[PDB]
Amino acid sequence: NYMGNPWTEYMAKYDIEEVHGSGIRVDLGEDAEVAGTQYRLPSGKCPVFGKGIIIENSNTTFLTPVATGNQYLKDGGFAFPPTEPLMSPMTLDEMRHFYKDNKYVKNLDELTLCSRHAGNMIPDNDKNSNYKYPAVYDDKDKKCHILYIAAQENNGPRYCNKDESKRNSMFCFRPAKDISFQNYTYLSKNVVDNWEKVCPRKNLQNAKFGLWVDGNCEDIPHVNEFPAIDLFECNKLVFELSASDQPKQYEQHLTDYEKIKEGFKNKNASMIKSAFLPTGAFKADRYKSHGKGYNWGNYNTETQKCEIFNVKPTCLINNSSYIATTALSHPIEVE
């Protein structure tokens, strides 16, 4: 009779579609209005551990400031250009000093502080706009980097394929959990201040996700199995298959409507402004995953198999050959 589950509270933080509510590989869960025009943006309530963007055919890394023709590189990355005074990038001590008169903000955890700090950058001199920029925090540097470019992928292999191919291309890139992003966290404007309690972080040693069925934790019924030499590789796989908000109808020669659809705001000449807009039977929501995807994996350290699945788990099985991992989780860290 009783149909409750004593696992419910413990497992809430693996109910990713609820706590996170957006894409993970690619997060463009919300739309905000800037100066009349509507743009897509990240909106994930949880930090994405390990995630960064890989720029294809460029030396330049993604936390290098965007191209303005000044100090960092030419072609540049995704980060806010230098400013006076410099709000980005900014260290932990530097942030805590800037917000020292604000009791709530000055005591935030490093990750929520960075998202909040980023939240303070005004889009295109629009004072009352809901549009806030995402950000990446680096635990080695202790540096919050504010992202000027909120798009996370553009690489249809018609232009992008060698790594740039033809005569007049501009930016090819994709989200990844590269080994060099291990200390990075991708932070949307919405990262909650209580993430370390409601969001995944560390992978679970000697644990396997399961389903609560008739007072019992049973195996996940339907999993897909991939080879994975180590936990990192299983995490990369889960992250590759996780909730995506990418326009899964990808274009060719990018039109302005398709530019915005990828989460582009500025073609840098000014703002990207659609004259016809999305119209008809579209809803405007056909690429909002709301956190729906293959967000979880059961890594078997013995068979080297990454058992990946798209239903939320509702208990844990004790099994010494397993590590339970999520697409939000740290690529490496185990508890």
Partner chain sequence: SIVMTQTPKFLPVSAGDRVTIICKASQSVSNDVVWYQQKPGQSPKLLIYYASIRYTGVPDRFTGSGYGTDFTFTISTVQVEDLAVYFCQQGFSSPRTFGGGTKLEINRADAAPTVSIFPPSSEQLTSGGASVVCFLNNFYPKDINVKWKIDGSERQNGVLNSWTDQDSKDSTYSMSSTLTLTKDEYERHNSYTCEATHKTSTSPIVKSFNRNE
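Rigid core (definition): largest C-alpha set, two forms, superposition within 1.5 Å. Only residues modelled in both forms are compared. Residue numbers count along the first chain shown, from 1. What changes on going to the form deposited with the partner chain bound:
- Following superposition on the rigid core between these two forms, the residue from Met87, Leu108, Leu73, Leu211 with a C-alpha displacement of 2 angstroms or more is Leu73, and no other.
- Against the superposed rigid core, the consecutive-residue runs (3 or more long) showing CA movement of at least 2 Å between these two forms span 2 to 6, 69 to 74, 247 to 249.
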The other form holds:
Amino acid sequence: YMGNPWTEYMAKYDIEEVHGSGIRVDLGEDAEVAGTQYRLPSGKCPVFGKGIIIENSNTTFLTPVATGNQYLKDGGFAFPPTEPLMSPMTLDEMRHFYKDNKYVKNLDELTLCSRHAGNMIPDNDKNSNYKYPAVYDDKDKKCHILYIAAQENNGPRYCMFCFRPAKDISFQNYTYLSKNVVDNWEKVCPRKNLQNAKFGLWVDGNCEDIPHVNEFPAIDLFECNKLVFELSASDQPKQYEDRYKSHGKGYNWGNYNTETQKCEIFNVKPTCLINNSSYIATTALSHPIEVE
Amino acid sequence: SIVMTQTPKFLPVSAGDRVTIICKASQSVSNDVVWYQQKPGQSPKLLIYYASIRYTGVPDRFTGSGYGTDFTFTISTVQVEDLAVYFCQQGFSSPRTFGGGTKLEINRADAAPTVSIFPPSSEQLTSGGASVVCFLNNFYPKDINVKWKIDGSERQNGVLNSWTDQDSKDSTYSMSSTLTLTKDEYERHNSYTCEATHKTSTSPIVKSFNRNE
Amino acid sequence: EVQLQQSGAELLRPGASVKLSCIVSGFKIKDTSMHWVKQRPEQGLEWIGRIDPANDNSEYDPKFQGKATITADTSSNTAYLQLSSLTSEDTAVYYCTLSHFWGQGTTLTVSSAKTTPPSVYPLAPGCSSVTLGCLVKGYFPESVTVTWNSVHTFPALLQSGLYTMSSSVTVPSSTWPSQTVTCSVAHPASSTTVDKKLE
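Right, the form deposited without the partner chain is done, so what does the form deposited with the partner chain bound look like?
Once more the chain from above appears, this time first in line as the rest of the complex follows.
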């Protein structure tokens, strides 16, 4: 039989290994701030296209949290406009801000944004390993530090803020970034979807079909990537309100048939590609639109 | 030591004019040039960095350009709020030297001073001194002449003048002329006159009092 | 939240020295260089130097070597400027910066003159709009606040030893002395507050 020539190529698709936390909801670490335990994002890969929908609201989640005379419901999730102003900060403002730091000034924009957010000290607690997550916007080139690290409050019992993670069309240029986003995510993490490609398993010198797949309609690639994201690794279950940490285990992958408009979703790590011209290979981490 | 030659030092402009400030670097500083605005009593705030990038929140009227040695700062149309001193700085090499600055004057219509004279207070003559103070408020332009008269004579000694910065609201100047002398000198003389000459009038604005009344 | 806090105004004699502090809260300084800038009364900005808090690598304008010492401590997120052999030339506001963000500055006054409580003298006209005032004499160091509870504040002049400033107020002549107005003079160095009623 043939040895697997897909090994290096396929490494970035071992989401359990390279991301290692939830995707839909990422809360894979714990940390104390001022005598209080908190769950927080800890995923090592950027989540392309992810944001938060606030339910029963017109206000965007990148809006600063309510402060002063503002009520919690009129604000969003972002750091409030205090001075010196650390958020929102553009790429070039960040590059300038860190200009005398050889490492930080040369980081890619997503890692830079993540490291910038990571320099905020929560309640000025230096005993704390807690670090805020961030959202990077490709269009404006803005890093928004998130004050609220919660990603879902969907409990029908009283659904205060009701909200959910989503890949909305208006979030396409956004990337959700945990404190742990790695330097070399471009080499080790998914980004663009794969044309002329279908994820499979290497068996007896050949790429074989993923044996267990759930199939749903999806009119385009973006709809399929959304469905995969909805089923992906998650560190809290939907509508809730440790064994609650996914560690990147989940329905993280999808094979998209562009011709039959079928999204084929699975929870086992792929080890090769089948080259089928009807298919695009997508991941919950991947950009919702971009193809390679 | 890289010298940053900022031009001009003083720049008068009407509210609506274009402001153009030039900064000349003695050596190549690439694109690493920042532009600052310092309003009266405040910390400098950054407007433009890397020669041409406007900081977030900075009004679109403010612009910077240039590369190498020749750097230019533009306010497309100066507004009342823009009254400040402006600095270039290079950050390409240490020492990170500033330009010498450009102080703006907001040009406006001519306004005659309101002159008022004040007698030395009784609880100051108990201390052993007597200061005759004269306020000249809300005038433009800054060129003002103040001559003191003591019984019709010409007092030059013991006179201290103090101008304010341009007003934040109406862009007018105000100043105090104080005649400082002993309570013995003040008791010996009777007439104290505050005479103010400005370009708005040919005859000076006179404001006096007698110690006799 | 991120905050920049500079130490309080310092009055010192020539030949002495001072350690100014710059406390950053809510932010790890190690990634960001920290600069000190000097501004003498009514003059331009002067870069003293900066520190790289990671290496403790600090550099200076050659003009300030052996006068200025810039230090930082990443565990306290604080930067310091030490000034040696104090001199009237060192009388200035000193700004610290967290990279391109500036502090509010610290006023340094260098003088052999001691702190003196201000005396206040009311300015009333002799026997539509009416102008009043207060003449603030015999105080040191520079920094007097005057409020009236139209308004002009005239810069202090160094009157042969102490400082002499004044403030004026312009009110309707129907409002005075129907409802009498007062001037309150605050001098933080001498820690004195004085209220003088105009008559």
